[PDB]
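A lone chain, given as structure tokens: the form solved without this ligand.
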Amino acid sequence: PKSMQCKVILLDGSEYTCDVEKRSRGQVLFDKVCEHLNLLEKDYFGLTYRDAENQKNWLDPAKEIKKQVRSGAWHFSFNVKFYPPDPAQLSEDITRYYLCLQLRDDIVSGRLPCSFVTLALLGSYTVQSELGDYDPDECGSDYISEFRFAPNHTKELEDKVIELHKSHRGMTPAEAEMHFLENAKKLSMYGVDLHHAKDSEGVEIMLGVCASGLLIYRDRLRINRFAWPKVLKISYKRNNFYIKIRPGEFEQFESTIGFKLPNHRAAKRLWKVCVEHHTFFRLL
């Protein structure tokens, strides 16, 4: 029975290696990674791989691994797929822990923009969770700890993390993680999966996919929002993505809205993430 070596980047940056039978469905490898992680609330999470165009794709747990990674290496990352709108409602602390690790990477990467003060407050919760109570013996007038807190570090930011870390004395790891989550969940780009597209006029937009629905970022003044209940049908054809908006009260007909994606694969990828968010956040 021929088995393939899988390599999985974990949220703490370490690399987990295992083997699955070469005809294995994605779920088999996902089960192995979740059991390694002692994670029971698996529904929020998934594995990503890079396609032949070097684009991040969700590994479909229901499909053969080989028919998705195709000609590519069996290298994956473990990631948050569905960001819970209210992480306080998750049943386990370890679930909230993995969600915190993902968000820290969202922040450092710049995918989750964040004000100076929120960067410092999130960092201060991370430090409290991992070091415990502020100790000055690990803090002088020039201290720059190993934690990555931001896409661009400054001494001012490092200073503010420590000022706030002093205020958290006696905070337990589960407690600091929950505070981290109560601030992060409020950020305007929390859990937003962004896709480059063009509107029906050719103007470059971003389509955001999140729990509350589909977001259309035209400019800073022009931001359309479509709540999931208002979307009856999501489709793609060629490089085009369409959503069928529900008829408003007393309106005779549905309206269709169309976008141009970079290529056919980008159109299919956005279609599949929309259906999955629509399904997930309809049931949650």
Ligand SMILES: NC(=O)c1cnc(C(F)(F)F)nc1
Given for the second form:
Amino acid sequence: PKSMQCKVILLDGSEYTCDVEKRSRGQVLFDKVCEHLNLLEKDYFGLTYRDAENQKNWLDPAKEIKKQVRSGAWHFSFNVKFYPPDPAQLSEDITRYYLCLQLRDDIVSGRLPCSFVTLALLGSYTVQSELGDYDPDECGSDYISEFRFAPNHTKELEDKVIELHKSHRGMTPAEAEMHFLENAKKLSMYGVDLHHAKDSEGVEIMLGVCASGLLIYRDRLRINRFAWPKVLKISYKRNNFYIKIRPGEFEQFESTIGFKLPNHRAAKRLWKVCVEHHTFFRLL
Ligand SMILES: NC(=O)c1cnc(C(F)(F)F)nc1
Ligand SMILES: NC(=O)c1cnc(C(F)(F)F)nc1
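Okay, that was the form solved without this ligand. Show me the form solved in complex with this ligand next.
Zooming out: every chain and molecule, the one shown earlier first.
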């Protein structure tokens, strides 16, 4: 029975190595990683790989690993796939902990934009969770944290993290993580998966996929939203992605909205993440 070595980048930036039989389905690897992480609320997570065009794809747990990674390395990342709209309702603190690690990367990477004060407040909860109570001995007037808090660090930001950290004395790690999440969950781009696309006139837009539905970012002054209930059908054909928007009351027919994706693979990838979000957030 021939086994393939798998390398998974965990949310703390460390590398897990394991072996699975070469015909293994994605679920096999995912279960091994989740057992390693002592994670029971696994439904919010998945594994990504980089395809032959270097795009992030979700590993499908139902299909063979080899048929997905194809010509590429058996190299994966462990990630949040479905961001809970209300992290307080997760049953385990360790679930909320991995969600925090994902969100810290979402912030540092610039995928999750965040005001100065929110960057500093989220930072202060991370520091409280990781180091415990503010200690002046570790922090002088010229202190810079090892912690990455933002896509661009300033001395003013480092100072504001410390000032807010002082306010958190006696806060336990689970408590600081819950405050981190109570704040992060409100950010306009929280759990929004962005896809570059063109509308039916060739104007460049972004499509966001999330718990509440499909978002269409045109300009700052033109953002369209389709709640999952208002979507009847999700389809792709060639480089095109279509959604069937349900008839309004007393309207005779469904409306159809058409988008152009960069290539056929980009169209299918958007279709699959949409169907998966629809199913997940229909049931949750
Ligand atoms: N959310 C899930 O339960 C889930 C399971 N398994 C996988 C895998 F194996 F493809 F990575 N991705 C997601
Ligand atoms: N833009 C927001 O929804 C938002 C979230 N969280 C905060 C925090 F941390 F300062 F309280 N400020 C703003």
